[PDB]
Every structure is written in C-alpha cells, then in structure tokens.
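Got chain B sorted already, so can you dock chain A onto it with the hints?
There are 2 protein chains.
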Amino acid sequence: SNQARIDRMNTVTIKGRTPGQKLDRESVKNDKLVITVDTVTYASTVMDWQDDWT
Amino acid sequence: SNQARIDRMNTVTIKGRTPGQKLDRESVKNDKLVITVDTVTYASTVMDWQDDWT
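In the order they appear, the protein sequences are chains B and A.
Reminder that position 50 of the first sequence reads as 105 in the deposited numbering, one-by-one numbering, no gaps.
Reminder that position 46 of the second sequence reads as 101 in the deposited numbering, one-by-one numbering, no gaps.
In short, the hints are calculated from the structure, not lab data.
There are no misleading hints in this set.
Residues on chain B that point at chain A, a partial pick, calculated with CB under 7 Å:
no.: 1; residue: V67
no.: 2; residue: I69
no.: 3; residue: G71
no.: 4; residue: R72
no.: 5; residue: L78
no.: 6; residue: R80
Now the in silico label distances, taken between C-beta atoms and shown as ranges:
no.: 7; chain 1: A; residue 1: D106; chain 2: B; residue 2: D93; range: 29 to 39 Å
no.: 8; chain 1: A; residue 1: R63; chain 2: B; residue 2: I61; range: 58 to 68 Å
no.: 9; chain 1: A; residue 1: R63; chain 2: B; residue 2: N65; range: 43 to 53 Å
no.: 10; chain 1: B; residue 1: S82; chain 2: A; residue 2: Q58; range: 37 to 47 Å
no.: 11; chain 1: B; residue 1: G75; chain 2: A; residue 2: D79; range: 51 to 61 Å
Built from N, CA and C at the ideal position, the CB exists for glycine as well.
One chain only, chain B, in its complex shape:
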C-alpha cells in the first residue's frame, strides 16, 4: 500500500471515597495518524555506442 497508521490514547484521573460509597468510572479517548507517499525522485544519463568506442 502507500499508507501507514499509528494510534493515540489518553490518560486517567484519581478520586476519593469513604465507607458506604460506590466507585465512579470514566471514559478514555483515542485517535489516529496517517502518512502517504506521493513522488519519485530520479536522475538519468544516456550515451552513444560510437562515442563510447572512441
């Protein structure tokens, strides 16, 4: 192919509690990244047989 992928992710947070209480929960986010290839770089040279012989 002509692409590649890499993932990303977030962090968490701390909280506090006392007896008789229930714990709370939070979500976590994510995203992505992509790169592509688009161009060829070159260099060329030509010569003739008669010139090469002399």
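Showing chain A alone in chain B's frame:
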C-alpha cells in the same frame, strides 16, 4: 486501628536564690499528637463485551 500517637513534653527554667529564701518548684507540661486515615483513592475503567469482540 486507624490512629497513631506520639508524645510531647516541655523543659525547665533556671532561677536564683539568696540565703533564707525557699526554693521554687515548677511543673512540666504534656500533650499528644494523633493522626488518622479516612479517605481511599482509586481509579476505575470499564468496557463492554460487544466492543471487546471487535
């Protein structure tokens, strides 16, 4: 338990005297230091089976 204890105390004082005088007497003082633990800290994360399978 949920408590800890430490002790504290004071010092003395110097005085002067001349012939015929009685000696004064001073009382030292006391106290205490106590520390308690009450709060719990946590982090929680939850996921769903339908999202786990894919």
